[PDB]
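Asks: Each chain, letter by letter, is given below.
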Amino acid sequence: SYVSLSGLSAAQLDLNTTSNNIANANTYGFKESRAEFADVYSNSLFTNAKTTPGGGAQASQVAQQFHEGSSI
Amino acid sequence: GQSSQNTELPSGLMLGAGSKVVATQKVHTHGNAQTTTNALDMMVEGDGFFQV
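Taken in order, these protein sequences are the chains called H and V.
Quick note, the entry's author numbering runs 1 ahead of the 1-based positions in the first sequence.
Quick note, the entry's author numbering runs 53 ahead of the 1-based positions in the second sequence.
Incorrect hints may have been included.
As the list claims (entries may be wrong) - Taking CB as the label site, the calculated pair distances span:
#: 1; chain 1: H; residue 1: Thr-53; chain 2: V; residue 2: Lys-73; range: 49 to 59 Å
#: 2; chain 1: H; residue 1: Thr-48; chain 2: V; residue 2: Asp-100; range: 28 to 38 Å
#: 3; chain 1: V; residue 1: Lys-79; chain 2: H; residue 2: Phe-47; range: 25 to 35 Å
#: 4; chain 1: H; residue 1: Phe-47; chain 2: V; residue 2: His-83; range: 24 to 34 Å
#: 5; chain 1: H; residue 1: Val-4; chain 2: V; residue 2: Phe-102; range: 33 to 43 Å
For the record, the hints were derived by calculation from the structure and aren't laboratory data.
Every residue, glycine too, gets a C-beta built ideally from N, C-alpha and C.
Required output: the full structure, derived from the provided sequences and hints.
Replies: This is the structure in C-alpha cells:
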C-alpha cells in the first residue's frame, strides 16, 4: 500500500507541476518546470534481496527548464 | 505340553501381566517449509542436523 501511495504522490506531483505551467501560459518571462522521479530500493543485512520488491517512486527534483521562449 | 502320549496341549493357560509403554519413538519425518524474508534463518532439505 505504501508503494502505491508513493505512486499517487508522484503522479500528483506531476499533475500539480503540469497545472502550474498551464496556469502560467501567459505570464511574461515564465520558465516551465519538469518533474523528475527516482526509484527506491533499500535491503538490510537480514533481508534476502531475492524475495524483495521495491520501495516505490521517489521525487528527485522539479527542474526549471530555461530554454528560450517566444517573443511578443 | 505333553498330555497322554501323543496329544499335546494346543493352547496353554497363560495369564498376561498387563501392558506398558516401552519406548517413545521420535518420528523424524520431514516437516513442511515456511517461506520467510529473513536471510539468517535456514532449513535442511533432507537428512542432517545443524551443529551448536
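Asks: Take the hints in turn and mark each one as holding or not.
Replies: Verification of the hints:
no., hint, in the structure
1, H:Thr-53 to V:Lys-73: 49 to 59 Å, "54 Å, holds"
2, H:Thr-48 to V:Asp-100: 28 to 38 Å, "29 Å, holds"
3, V:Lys-79 to H:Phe-47: 25 to 35 Å, "32 Å, holds"
4, H:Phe-47 to V:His-83: 24 to 34 Å, "26 Å, holds"
5, H:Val-4 to V:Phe-102: 33 to 43 Å, "40 Å, holds"
Checked against the numbered hints listed earlier, the structure breaks none of them; every hint is satisfied.
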